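Left out: one protein chain. Kept in place: all the others.
Read from first to last, the chains carry the letters A, B, C, D and E; within each, the first residue is number 1.
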Amino acid sequence: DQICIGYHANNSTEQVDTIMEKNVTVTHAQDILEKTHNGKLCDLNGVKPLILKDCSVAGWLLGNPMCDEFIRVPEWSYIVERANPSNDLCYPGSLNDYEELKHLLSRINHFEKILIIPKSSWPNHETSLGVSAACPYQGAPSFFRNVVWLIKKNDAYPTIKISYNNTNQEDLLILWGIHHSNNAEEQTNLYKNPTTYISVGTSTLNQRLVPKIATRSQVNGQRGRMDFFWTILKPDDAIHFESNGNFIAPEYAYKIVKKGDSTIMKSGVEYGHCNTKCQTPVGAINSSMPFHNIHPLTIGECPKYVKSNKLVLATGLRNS
Amino acid sequence: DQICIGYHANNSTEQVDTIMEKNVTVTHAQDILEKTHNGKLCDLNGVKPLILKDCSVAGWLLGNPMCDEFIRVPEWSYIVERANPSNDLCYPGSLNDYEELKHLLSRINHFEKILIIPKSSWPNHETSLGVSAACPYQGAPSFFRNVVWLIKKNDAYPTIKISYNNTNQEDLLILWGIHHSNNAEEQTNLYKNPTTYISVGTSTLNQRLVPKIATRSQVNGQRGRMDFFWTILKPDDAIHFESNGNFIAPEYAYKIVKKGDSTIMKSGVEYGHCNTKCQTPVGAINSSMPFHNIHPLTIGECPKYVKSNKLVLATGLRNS
Amino acid sequence: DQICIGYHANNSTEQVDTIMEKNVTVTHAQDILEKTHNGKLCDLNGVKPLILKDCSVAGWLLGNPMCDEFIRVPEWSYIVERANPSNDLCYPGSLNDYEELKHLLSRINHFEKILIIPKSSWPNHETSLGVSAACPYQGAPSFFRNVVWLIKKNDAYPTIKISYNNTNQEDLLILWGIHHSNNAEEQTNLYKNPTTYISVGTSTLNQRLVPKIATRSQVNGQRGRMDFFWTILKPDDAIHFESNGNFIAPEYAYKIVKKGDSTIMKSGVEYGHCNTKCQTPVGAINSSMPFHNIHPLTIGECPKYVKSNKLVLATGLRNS
Amino acid sequence: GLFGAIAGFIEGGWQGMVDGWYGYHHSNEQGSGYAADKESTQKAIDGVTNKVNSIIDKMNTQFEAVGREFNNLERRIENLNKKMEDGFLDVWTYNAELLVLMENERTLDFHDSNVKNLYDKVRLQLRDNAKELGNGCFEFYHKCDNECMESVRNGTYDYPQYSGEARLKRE
Amino acid sequence: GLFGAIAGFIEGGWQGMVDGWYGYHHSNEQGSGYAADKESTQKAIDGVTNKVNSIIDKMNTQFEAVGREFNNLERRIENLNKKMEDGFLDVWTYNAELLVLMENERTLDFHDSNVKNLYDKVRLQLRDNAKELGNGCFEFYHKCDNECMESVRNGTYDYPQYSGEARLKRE
Partner (left out) sequence: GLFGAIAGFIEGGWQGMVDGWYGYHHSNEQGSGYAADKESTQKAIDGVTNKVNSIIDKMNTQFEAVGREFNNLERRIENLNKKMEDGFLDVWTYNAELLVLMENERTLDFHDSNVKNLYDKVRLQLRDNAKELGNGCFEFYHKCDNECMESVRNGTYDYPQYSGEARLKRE
């Protein structure tokens, strides 16, 4: 004939962290940290990502002969590439504002490649001979697909007067470049003009380029360099090209038809024919936990990243 | 014949937030968040702000013909301008280090405009004809007031040998520029020199400029461009100008007489003939609250900004 | 015949801070803030620091004639120099990417200076006459030790064809520069070439330089300028120099033999023949406290910096 | 609610008590009026005022949100600046919101503990001479004048004098 | 452990009580079975669920850790970006870890205070009619049916009826 008071006790071994007492056993606890992932590249909201098979962003945009599976790409949710892609600027050189271009490409989900300047628009230059062995195809000298290396034709190189309306309703990404020779004889043997220039003029861009004919060291077997440049042409805006030589004329531009959100992700994981809301270079979080500790860089619906190995919130009473 | 214990209870409906119980009624509470403002531009410590009536910082400094109400300005507490000022570089072009100049101007409260180079110092050039329709005044060709567009006189353009002591005790802001032509005939028809240069030399500045004669697209009806440059001349330091053509010679400099703290604020609010300690692009905080949620950018004596819609600190007991 | 309960009480005057009650006396308290330092420069883990006696980083690397005690330096733990070193670029000019170079030097603990280009490799130029009074030694015209100012010899200046293998297993820091003349006569009187150039070519570097012959103001008695450039040559990588004039040819390079962690510290404190785990521009923390408030910039095993004048954690009960 | 006095133990606060925060419903044959404990309320007001003032004092030093201008080719640096701006505002908003939430517990617990403290203070002085009830009210075994009411308030209750009266009354 | 009920006062929880969190080991001649307080447990569950939900709600806005690319000549800016990345992750990790630590005290204190609260609630209703023991159990002076067990649970204990029985039994 007596009443009594106590609390619920179970046989679980859940443990929580308290600043004054470690390793406290509780009856019920809620885990708020996610430490598991599928381990494979997985689709983002049902959209297949752009997976560069050992290829770089610049190589894909410039039309690397090896990276020819990206000639026509569908809409993508994010761009994923290896940390050190082997196929990247097969011809030695650099891409100006390459990091800025990658930042700009981080918010583009689709490109519609168009032939702004056809190969028939150069009747007085040579489109056929611009082939290198630093850019080989099926073991034959070849060169980047999306730009044209113009060579002197019939021992002449007339000045280029090329203009192009942006009659489209979307921004156009135009890629051109300049070739730096090695010596004076190479310059006259391939361009016929000792002193050349490249002037590009838009509403906001006023650029003039002069090749640097110097002596450098062999990169990919070539002591020559090619510096590439890019611009974003606004609708109803014209772009003008005037060149005396050393011109890598653009051939294909890119329409920015869809402009959402994305990331450029560095991971060597393989595709898994999957479907996830949040992606990770390590894997994919298939959970709705408050926190996770897989990787700081995460795209999609992603839980918060913390550097803690465990995070358990006590819910029940002490288990004793 | 009995004592009893209770607490104070009132009829108020003040509500506070507790992490384990929302919407808790308390007898007395203190609001620590400010959510109100006057909604008008208001003076900072009794100093009238510099309000640019649809004008930009660069247009004001270069002497935009339309922005002629800022020819002589008094001391200001901060600079306020519209997000997209229509009057900004009436002639197409750019101002080099424009963002850096705005950062430098954020800590200047007064300028004393002086005639460093009078119009009578060019007896062999043409100050009268440098007028454009991209910079019109009362519907007549005109040009920026603070700089001089020098044109060839008597079919000649002698080399400019101009030097200037900074005999003043304050730093001098000097604005000059270079004009980029369209074609070779325009260059010889207006400057008489095909190959021109602009060399500026100070204690810390060694600059050489060459115009880019290319083909661009019409901006404000002009396919030509003008790139402007600025420098801060230290006391007892001389500045030298050597130019063969395409020179937008400085005419008026700016003395940095008062150098305190200020901001460049983007707001379309109108002046209100007011007096406030802290300013906001949205309004002015007339309170001494611990926190506010009007706008992150705030000048003067300003409370802390938080992104919370409410912040109430419980003071009294629970109201029940 | 009665039991009773109380707590420990002592006679100490330790005081702690509570958000609802300041200045609370407690029986026992633990101080977690360090406010003391030795006040002298002190060795880091038994390694003597690199102390620049009123000399700059650029002056030390370029071989300032005054800063000749750093001709051969041992391994150092960190670099310490005055806030405004008097010996810094004795000849007026600038060092390109000087801030970037200092960041790179922040992770280098030892250099092995080597004679990459001996003075006997210039039989057709003049190594002897490149002496200035802006760089005096024992009151005699002199110039930077680690680079060579090349002057025309026998009224001639043949083009320089210099290449150098990096046969070593460590990165090589190469310092070169370009001299900007004052007028055309000075250029022909000292270099014999009116139009000169400097082209430097490596695997990753393609640079061309043209002197700016303008009129500037006297700095250290000289209206001429010298702009210096640096590069990091990778192992098995060659560097090429082609110059027609105005060339400050490199003479001594620097081997990056040890590459750890360090800082560049600005302090005017003197050496103390000491030994500390963590260093500070103000002094050295000889304690293992959780926190300190000496200086935010700290090298070695350093406690956390906070801007609080006191930090005491209560351990015992209230002293009353 | 941790100390369980203001919320659940006593049903509710007194609406007619307008002075101070903690009071005594002294009921006597002379008169049934309210009262207030100046000493307990003042230290409660002092603690609350110290808490809010110290909260403001430690919050005067936060990020100033300085605006900067970047051109079209500095989008990486602009995004670098933009994220810091938002990141510092996010943590400070989290700090301000969480501090209010936690201090709201402490303030209510402080108020909850105080009424429990004044509950215990009267009980420990009165001991067996008063019959403790389910509410915060104490039914005295012995009738006493307003002198005993203020003696309880002053903390100088005379126990031995009234101890005999309660013992004689109790059977 | 602050309120000293769950940890030290009562030796341990009941293993056979699977409903709710706080219960009553009602021992009677009719039967010695367990029970649970629905009202006390529900508000305890509501408070815990509100705490974790509000913790998640205030943690949805943190730093996104956006990656950026820098070239070889922008190491200062890259290190400038890298330290912000780590600095924001460090404070958010500190905020998340510390919040769990502090809320773990509050949750255990809330559970500790609740059992103390249910301890006091039964004691204040029962008063002298029940003999209080060293454990959380109350030994009734008067025997009563399961009606009194549920009356204590419901909070509507009839004191005057059983007060006379306890007084007569006590000597």
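In the analysis below, contacts are C-beta pairs under 8 Å (C-beta built on N, C-alpha and C of every residue); 3 or more make two chains touch, one makes a residue touch a chain.
Undergrad: Out of D:9, D:21, D:24 or D:92, which residue would touch the omitted chain in the full complex?
TA: D:92
Undergrad: Which one, E:36, E:56 or E:80, makes contact with the chain that was left out?
TA: Once the missing chain is taken into account, the touching residue is E:80.
Undergrad: Determine which one of D:28, D:62, D:135 or D:151 touches the chain that has been left out.
TA: D:62
Undergrad: Since one chain isn't shown, list which residues of chain A touch it in the complete complex.
TA: Residues in contact with the chain left out: 19-22, 307.
Undergrad: At which residues does chain B meet the chain that is not included here?
TA: On the chain B side, contact with the omitted chain comes from 97, 99-100, 103-104, 204.
Undergrad: So that we can see where the missing chain sits, which residues of chain E does it touch?
TA: Counting over the whole complex, chain E touches the hidden chain at residues 1-4, 8-9, 76-77, 79-80, 83-84, 86-87, 90-91, 93-94, 97-98, 101-102, 105, 132, 134.
Going forward, only the chains that are shown with their structure count from here on.
Undergrad: For C-E, which listed pair, A-E, A-D or C-D, repeats its interface with over half of the contact pairs the same?
TA: It is A-D that reproduces the contact pattern of C-E.
Undergrad: Provide the C-alpha centroid distance between chain B and chain D, rounded to the nearest whole angstrom.
TA: That pair's centroid distance is 52 Å.
Undergrad: Where the CA atoms of chain A average out and where those of chain D average out, how many Å apart are those spots?
TA: It comes to 60 Å between the two C-alpha centres.
Undergrad: What are the residue numbers in chain E that touch two or more other chains?
TA: Counting only residues that touch two or more other chains, chain E contributes 48, 54-55, 59, 61-62, 66, 68-70, 92, 102, 110.
Undergrad: Chain B: which residues touch two or more other chains?
TA: 19-20, 307
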